[PDB]
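Note that this is a trimmed complex: some chains were dropped, and none of the rest were shifted.
Each chain gets a letter, A and B, in the order it is written, and its residues are counted from 1.
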Amino acid sequence: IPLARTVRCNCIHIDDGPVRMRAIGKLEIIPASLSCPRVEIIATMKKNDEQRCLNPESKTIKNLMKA
Amino acid sequence: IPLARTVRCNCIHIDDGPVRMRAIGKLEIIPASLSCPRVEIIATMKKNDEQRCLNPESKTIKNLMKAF
């Protein structure tokens, strides 16, 4: 809880409306790094392979992730 | 996202947890800027000075917001 930290991440906007394994093609998890002090979760929906950034801090998201 | 863009924002982690307007001492809304290309919404919970970053794209949040 300081000021603005300059960061470099893939995800800028984080999609909210959840889903389930059924619709998700691939799930890409990216561990926290020096450039992006947070985990990034990018799902590719079989629906036109629409890529969506999810919130790793979200309960549902956590549930879906770990199996 | 065509790639990674260098960005400078107040919010790094978005508490996509729940809430509503009991408590919430204050709610800050920072329009999208050249430095952060998406609006930030910082809530200062009535209790304990604790600050939470809310997802501006969250239906609940857009509705909690469009309620002033």
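Just so we're on the same page, a contact is a pair of C-beta atoms (placed from the backbone, for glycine too) under 8 Å apart; a residue touches a chain by one contact, two chains touch by 3 or more.
Colleague: With 2 copies placed here, how many are in the full complex?
Modeller: Across the complete structure, the repeated chain appears 4 times.
Definition applied: only the chains that are shown with their structure count from here on.
Colleague: Provide the C-alpha centroid distance between subunit A and subunit B, rounded to the nearest whole angstrom.
Modeller: The mean C-alpha positions of subunit A and subunit B differ by 17 Å.
Colleague: Considering only the defined contacts, which subunit B positions touch subunit A in the complex?
Modeller: 1, 3-10, 12-17, 35-38, 51, 55, 57-59
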